[PDB]
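Each chain you see keeps its place in the complex, though not every chain is here.
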Amino acid sequence: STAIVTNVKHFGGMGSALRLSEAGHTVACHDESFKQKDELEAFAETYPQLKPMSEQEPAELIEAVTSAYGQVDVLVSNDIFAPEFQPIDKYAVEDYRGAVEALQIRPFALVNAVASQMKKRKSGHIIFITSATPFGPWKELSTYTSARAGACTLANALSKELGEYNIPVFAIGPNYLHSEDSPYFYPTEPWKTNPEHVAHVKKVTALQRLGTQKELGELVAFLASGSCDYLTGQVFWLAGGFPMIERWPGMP
Amino acid sequence: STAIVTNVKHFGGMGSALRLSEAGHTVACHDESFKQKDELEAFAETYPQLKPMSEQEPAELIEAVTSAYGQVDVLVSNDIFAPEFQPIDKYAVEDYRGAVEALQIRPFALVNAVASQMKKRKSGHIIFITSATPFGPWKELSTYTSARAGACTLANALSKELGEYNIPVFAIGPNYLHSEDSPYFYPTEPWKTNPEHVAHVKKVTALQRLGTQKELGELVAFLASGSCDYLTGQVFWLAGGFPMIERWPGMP
């Protein structure tokens, strides 16, 4: 079928697009950099099994993919934001508005733009790549964490109405997911190269390692395949057993 | 001490302000109508124990209450929004922005404005009145429901950073909470007077009745009293046992 993966160069983007592509789907890919022809052309040459698009806005993008390939069967809203850790009083309200715009308004805008066509033919799959931080919040990241929570619930809520139209909706919330060259959350440097970071991951996750782009891709492809639509409304915690809670003194 | 209750005329506003005042607290009250001298004076006459403020914006309000009464010890962010039920594709993206602005950005801005004074003296209580809807989403209310979830997580996340400063943070999520004359969610008319509505409440809640402002007020006053700070981070489900789940055919 035809799928859309946003911010393809970051977070869960490459893992999702590459695996969906290998499953035989036509993967239209969005990314802020594709605004420039040079950047879109470079990506296209590197990944001929992918279809990079230049469109940036929700409605614009859904329409271009629909016109180019016929329709949008799968939506993978891989949302990202660059937050700063900050005490609640040191943030600017604008800082929270920005987090909400990127992690809640954006996914909502994409579904708002594609829902009608999916509902008319009674088929489609919606997947939000959110975060697991709501399940185990760190101190001083209130804007990002709360925003991601809104996104998770958005997915769960949407599943309730779209189910009638045979449209499953899921939210995959990762943490400690290797992002390779992307700074979006866990790049190879320093997460696989620095001793302190390696030891941190080994302590905080049950599997004692970062999650792989492949694991994420497999999950995305599995859900988009229509192999298990009954999981609609599910919020997945792709966090490898995180969080590992500090035990009493004397316990290793 | 000194407390602030926003949108006092609606939702959990009156129950909160009334019980807090009966507790002996100085209660400064905010409300959109207080922009009108007439409305402010009339309120002050009916509830002489309460101190209505004309200030509307977060920073403005915290400053006004601080100058007038010395400091803000308790913040009750009683947030409201009037959403429409709509299939995802029928909403305007602006409809989600409005919901998020009123239910997430506002409480965030109020804490952002008062946190520094609380942290300096290492004392204060923060209470968000959110919603139990995220716990049991209805079909077609994705904007309001997801926004409320962000607010619940905001509170929990904040409890993590403010705990070091001895500042408890709670979120009270009601549903089917009687609002008396306020149209915000459950006014006396028609919820206590129309058969179909009375019957609906009886079916969906375990206690088979609306919750009372008195009950909400007792909880707010209890948490603000400093009698049980150890519940910091709690999301309270003030919904009378909702949701009651439809059982199999033939079962009573």
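Going by the order they are written in, the chains are A and B; count residues from 1 in each one.
The criterion applied here is as follows: a residue touches a chain if its C-beta (ideal position, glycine included) is under 8 Å from a C-beta of that chain, and two chains touch if they have at least 3 such contacts.
Oligomeric state of the entire complex in this file, given as copies of the one sequence with 2 shown: 4.
Going forward, only the chains that are shown with their structure count from here on.
Each chain gets one centre point, the mean of its Cα atoms, and the points for chain A and chain B are 31 Å apart. Residues of chain A touching chain B in their complex: 58, 87-89, 91, 93, 96-97, 100, 104-105, 108-109, 111-113, 115-116, 119, 134, 137-143, 145-154, 156-158, 160-162, 164.
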